[PDB]
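> Using the hints provided, position chains B, C, D and E with the ligands relative to the given structure of chain A.
Here is how the chains run, residue by residue.
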Amino acid sequence: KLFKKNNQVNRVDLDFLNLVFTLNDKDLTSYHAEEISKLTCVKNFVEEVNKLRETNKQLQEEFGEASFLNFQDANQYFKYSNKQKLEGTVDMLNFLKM
Amino acid sequence: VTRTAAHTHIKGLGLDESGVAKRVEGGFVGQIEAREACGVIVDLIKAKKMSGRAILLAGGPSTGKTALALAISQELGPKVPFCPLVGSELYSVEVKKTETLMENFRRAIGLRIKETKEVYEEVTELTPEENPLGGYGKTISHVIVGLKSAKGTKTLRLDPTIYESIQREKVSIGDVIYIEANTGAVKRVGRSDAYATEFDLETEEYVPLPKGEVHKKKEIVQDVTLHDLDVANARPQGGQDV
Amino acid sequence: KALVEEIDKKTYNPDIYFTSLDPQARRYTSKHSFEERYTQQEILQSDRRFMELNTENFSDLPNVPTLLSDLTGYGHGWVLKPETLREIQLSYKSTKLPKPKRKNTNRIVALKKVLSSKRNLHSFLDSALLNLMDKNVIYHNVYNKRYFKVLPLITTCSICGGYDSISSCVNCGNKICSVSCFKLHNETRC
Amino acid sequence: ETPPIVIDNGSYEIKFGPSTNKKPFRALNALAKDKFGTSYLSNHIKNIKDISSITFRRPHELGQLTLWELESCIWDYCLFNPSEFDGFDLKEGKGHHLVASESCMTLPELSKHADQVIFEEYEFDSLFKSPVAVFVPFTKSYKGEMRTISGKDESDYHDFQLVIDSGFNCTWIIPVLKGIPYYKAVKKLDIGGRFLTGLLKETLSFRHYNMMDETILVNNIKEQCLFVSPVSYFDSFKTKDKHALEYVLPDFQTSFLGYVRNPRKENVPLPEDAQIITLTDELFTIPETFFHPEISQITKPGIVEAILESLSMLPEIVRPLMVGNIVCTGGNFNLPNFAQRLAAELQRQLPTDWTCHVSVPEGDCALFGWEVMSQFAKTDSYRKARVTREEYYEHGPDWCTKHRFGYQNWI
Amino acid sequence: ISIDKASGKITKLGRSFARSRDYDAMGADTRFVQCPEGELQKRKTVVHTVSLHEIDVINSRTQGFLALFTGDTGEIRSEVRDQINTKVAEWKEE
Ligand SMILES: Nc1ncnc2c1ncn2[C@@H]1O[C@H](COP(=O)(O)OP(=O)(O)O)[C@@H](O)[C@H]1O
Ligand SMILES: Nc1ncnc2c1ncn2[C@@H]1O[C@H](COP(=O)(O)OP(=O)(O)O)[C@@H](O)[C@H]1O
Ligand code: BEF
Ligand SMILES: [Mg+2]
Ligand SMILES: [Zn+2]
Ligand SMILES: [Zn+2]
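Chains as they are written, first to last, in our numbering: chain A, 72 to 169; chain B, 61 to 302; chain C, 2 to 191; chain D, 3 to 413; chain E, 1020 to 1113.
Hints should not be assumed to be uniformly reliable.
[Unchecked claim] With a Cα cut of at most 35 Å, we get these calculated DSBU-like pairs of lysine-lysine:
hint, chain 1, residue 1, chain 2, residue 2
1, D, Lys190, D, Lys242
2, D, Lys190, A, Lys75
3, E, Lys1111, B, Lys277
[Stated by the list, open to error] Not the full set, but computed from the structure, chain A residues with beta-carbon under 7 Å of chain D:
hint, residue
4, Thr100
5, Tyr102
6, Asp144
7, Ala145
Read the hints as simulated data drawn from the structure, not as lab findings. We treat Cβ as the ideally placed atom computed from N, Cα and C, and that holds for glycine.
Chain A on its own, in the form it takes in the complex:
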């Protein structure tokens, strides 16, 4: 009990980085992996990211002058909603990227 406490502090997931290869050949075949790798490179998840980036940047260019301000989220009738939608789309986009 005096040792195992720094586990989550500085753990880098080796399995998530695909370095447990010696234990991955039990249910792996070459053609399936190559087909997936060919049909992996972007081209499926960056499109909606750009779609949301478009609306985020167009609302931030002019309507984003006082959008995200918390005082605007305090003293206003629509800028609070502008802050809410700006933070919502920011979280959506960075979650999609990750």
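Okay, now just chains B, C, D and E with the ligands, sitting in the frame of chain A:
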């Protein structure tokens, strides 16, 4: 509560940019030529520009070879790897000594890796429930699971594998988890303090309530050599059967 | 455990183990809202204690029946005393302009009938100056519906304020920490 | 006559005096009597030397006062006196601009009794009776002082605001929507000033000799020592030894008040003949029952539950803005770090989307609200909010507390 | 019961005494054991002395008592000794 053994009186070569040494500095006195050569060699080392350099020094006992070695090891800092081991340790038993020398060369070379990871964490509420669409009995693939944390609660459903991870952790409604979304499994912080005190005694730790917003995100930087990766890959890490 | 140890299939239920030295010779029993936790008698007692807590001294100490009737639907005989009311005509002798500037209407009479009306919230309930639903939208407009706990409980020490080395009594069931407090707990709390 | 006059009514005292002036007129709306038959005035108890027994016959009942023969006379004794209350004077009221900001939380019949006694006995002309909570957001209109505190980490008046007024008899919470309150959510915390006095005296009865007769003793010690825990409960008790006072009792005959010698200060090597009650383990019981009333063995959940219910009652059109506009007023919020602790525990309760904005003035917030309304009435907003002299007789006055100047107008 | 919170293995010390005379007729037989003496609860800063052998064999294998008793540790590796060096240094510093 201190122990000094023929060392800890040395902290560096004590040089400058112009290769000028100091007569009494860093626990080293004298040896102008040796200090100049060591400074030049460590300056070449710091550039990471080469590999396989070698040098032999002729020094009698107590002349200061080990002191120079320790000083040069401290020149590059704790993070730069080093493994000065006795020459009689080569003659091992369970592995041929040339293989050991290759293993030491593998250990010596360093690297710095990193990874960014997210994680969610007590449980506010719980609502469990897809169709078989055929001859299958049923299809359970989504369950809303609460996530209390401290700074805000954000319940969310994911792949069912996270649900079976919840049963694997055997966490109650008033139990805190630490679920790194990279794998969908569970890391257990422990029980919670809110739904606690159900009894006067508990061997299981009550565990402090998690601090911060539930959708935790962080990045980790670790300097790990390659031989650790080799030995980790050599042996299995999981399994459930005999 | 001791592998393949002596056992005769006597109980061995993982959640049943009852033993004693036989001073009573018995065995184990067999056969987030506070409104859905305990009954109403104890909450009524707590409300009565809190209404006594409202009472500050001899002036309101016997006012508990009035407070109870309000909630459930020379010390307190109203602020009318001649040593307070009839004297105040000279207590402002520093300077004042007490003058009659008012006509003669039923409002002017209500200035005096309501002045020393000897009327309370209880009389308001017993009178028709306000209708029935006004007292409801005065009472029910305040109380909540279901949210009773969203952060845990503290359960502080009853007499002292200790946080650790805590323990309850055998039969009183009152929270305490120091065994020193038990000396007065089994005498005035148990 | 342009300048108005502002009265800040309440359930223990009122803040009267002209809106032009910025200094308080504290009329202590609470009578009493001593242990020798007769009865004192409203604001002469402090000068007497009888602290052995106390009897508190105030006009205010549990919630509100329900008689007017002497308390209206007390209001005359305070308002109508221009000698002790220099400069300020309400000679008759014929053209006087009074805003008697009554506790509109009273019954409409109470509102009408007040309205009749001010329109006939005072014979008033100008009136716009709304709670001071209506007039608090006037800080932005002029140069206003306020500490901007966020709990995320350790007309011309402002439009949106949710308010929490605190007092002696009661403490209430209300969302003032767009400047008009939403009295369908009139919330009250069951504890109050007299409740706190009783709690302290009962807790110290188990710690020292009787304070039930000497309740003013408890009042003084509460004034001098009690405060809100900076962070939490357990973190405050773990080092009670470094802050454990010793109340030195007053010389009951000659001394006006007692005092306390501080373990943190060696400046007082002077003892007293009267015994010293060692105040050791009773400080932290009180400040938490404001946040966690179960310590006071009551069915009241807590201020966190009440405020989250109040905000959830409000729609997203204002509720994020409503948390973005929160002000706590009243005397009890002069207790240090109440706002910071409340904001921190709410930010714990509040999810990661609602930014926190809680504003509490430094000092007695009742006086701050009174002076904010004084500045309000210095401006013309009341002058379009007042009622003319011809708005009382030709129609039943009850209509005024039904559609215009009554809590049912804002339910 | 010398119970430990982070153990889960409650140790029973035998029998114990009350301060009651039980019933009226002849009785109180068969009672001669050690009675609890100390407080109901008190902290014990228990000191244990172990060598680097036990710590290293714990590091090498999930179970370490078997190799400590039987004696088949199995030539534990160097990074174990390095991490134990760092851990002991910081434990002394803490
Ligand atoms: N030039 C020097 N200045 C200070 N100390 C020295 C010097 N040379 C040697 N020493 C000290 O002498 C001790 C023994 O040296 P040693 O390691 O036996 O030298 P060598 O490796 O040449 O045999 C070391 O602890 C070191 O601190
Ligand atoms: N610094 C302070 N800390 C705590 N409470 C305070 C402080 N200053 C004033 N108060 C409280 O504020 C109350 C004044 O409120 P008031 O409006 O007179 O009550 P009511 O409306 O019931 O007549 C006092 O009873 C007092 O307990
Ligand atoms: F008038 Be109170 F006590 F809020
Ligand atoms: Mg107030
Ligand atoms: Zn105690
Ligand atoms: Zn008991």
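> Which of the listed hints are not met by the structure?
2, 4 and 5
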